[PDB]
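Guided by the hints, dock chain B with the ligands onto chain A, whose structure is given.
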Amino acid sequence: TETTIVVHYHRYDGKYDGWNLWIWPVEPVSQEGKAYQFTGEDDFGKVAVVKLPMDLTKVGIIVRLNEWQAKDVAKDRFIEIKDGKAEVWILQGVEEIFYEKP
Amino acid sequence: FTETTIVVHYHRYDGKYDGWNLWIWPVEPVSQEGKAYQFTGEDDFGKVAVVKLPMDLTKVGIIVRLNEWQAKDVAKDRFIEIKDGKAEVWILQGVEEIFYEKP
Ligand SMILES: OC[C@H]1O[C@H](O[C@H]2[C@H](O)[C@@H](O)[C@@H](O[C@H]3[C@H](O)[C@@H](O)[C@@H](O[C@H]4[C@H](O)[C@@H](O)[C@@H](O)O[C@@H]4CO)O[C@@H]3CO)O[C@@H]2CO)[C@H](O)[C@@H](O)[C@@H]1O
Ligand SMILES: OC[C@H]1O[C@H](O[C@H]2[C@H](O)[C@@H](O)[C@@H](O[C@H]3[C@H](O)[C@@H](O)[C@@H](O[C@H]4[C@H](O)[C@@H](O)[C@@H](O)O[C@@H]4CO)O[C@@H]3CO)O[C@@H]2CO)[C@H](O)[C@@H](O)[C@@H]1O
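Going down the list, the protein sequences come from chains A and B.
In terms of the entry's author numbering, the first sequence opens at residue 6 and continues consecutively.
In terms of the entry's author numbering, the second sequence opens at residue 5 and continues consecutively.
Extracted from the complex, chain A is given alone in its bound form:
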């Protein structure tokens, strides 16, 4: 009844203040998104544990600065989800979203 997405984010400039995640359901339903904040950190960068109150197989994600001051990769990207859980790694300026730790 929920989808949990752990998002790892690394910026080579070390300047994470204000960066947050705009995530929206896409399948099996499309709905307007919400902003999610980073909740922790590890050796790769910031960590967000995102909980969405539906079972989802795909979401959209944009890494954004404050309220749309900038987009780190300014196009919609997607995360494929199995059994209500995914974990991804995202790097500043790199379009590809990784499903294993670099």
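These are calculated hints, taken from the structure and not from any lab test.
One should not assume that every hint holds.
[To be verified] No farther apart than 30 Å at their CA atoms in a straight line, the calculated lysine-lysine pairs in the DSSO-like style are these:
id	chain 1	residue 1	chain 2	residue 2
1	A	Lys51	B	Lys76
2	A	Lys106	B	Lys106
3	B	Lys20	A	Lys20
4	A	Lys76	B	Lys106
5	B	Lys106	A	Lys51
6	A	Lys51	A	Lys39
7	A	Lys51	B	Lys63
[As the list claims (entries may be wrong)] Reference excerpt, derived from the structure (chain B facing chain A, CB under 10 Å, subset only):
id	residue
8	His15
9	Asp18
10	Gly45
11	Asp48
12	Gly50
13	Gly98
[Claimed, not checked] Beta-carbon label-pair distances, calculated as ranges:
id	chain 1	residue 1	chain 2	residue 2	range
14	A	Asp88	B	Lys87	19 to 29 Å
15	B	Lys76	A	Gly19	20 to 30 Å
16	B	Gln36	A	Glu85	35 to 45 Å
17	B	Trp73	A	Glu100	29 to 39 Å
18	A	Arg82	B	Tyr21	26 to 36 Å
19	A	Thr9	B	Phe5	52 to 62 Å
20	B	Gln36	A	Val34	51 to 61 Å
21	B	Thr62	A	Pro58	49 to 59 Å
Every residue gets a Cβ at the ideal spot worked out from N, C-alpha and C, and that includes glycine.
Positioned in the frame of chain A, the structure of chain B with the ligands alone reads:
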């Protein structure tokens, strides 16, 4: 012409740059055994090497290695495609894709 210059930018998310260097070998138009090249500089993205080879090359191989082959950062051979004897690339720890503009 008669030399090839490759500027190689390297970023590690863990900051553990100590010992890392570049193994580069000519591949086209003629293949030869490689050589190690050290980083000489640094910028906001991380380490920088300027690699000069005394031939006009359209393709080189590259491996990012720790000292004398103690480890590789991405273990498979990778290649850089070069036009008119000059190229510049950006390499990220653990990321296979070599980038041709700054992330
Ligand atoms: O089912 C809901 C909708 O879902 C999908 O919409 C996505 C977009 O595709 C994403 O790009 C994003 O939209 C962001 C947008 O990227 C961002 O620039 C900002 O856009 C605002 C803008 O700041 C504002 O000034 C105003 O002019 O409107 C803009 C909207 O374009 O904020 C957007 C979020 O509000 O996320 C949405 C989902 O939230 C889907 O593709 C749509 O078909 C669908 O309606
Ligand atoms: O002359 C053209 C040759 O070019 C190509 O050879 C390449 C390889 O494909 C690359 O992988 C690399 O080789 C490295 C190798 O990756 C690395 O592991 C290391 O291997 C050592 C090892 O540490 C050591 O313990 C012992 O086993 O010796 C090994 C080498 O036999 O070092 C290699 C380089 O010395 O670079 C070369 C070019 O230098 C092409 O594939 C060949 O067919 C071609 O002959």
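For this session: Compare the structure with the hints numbered earlier in the document and write down the numbers of the violated ones, lowest to highest.
Result: 7, 10 and 14
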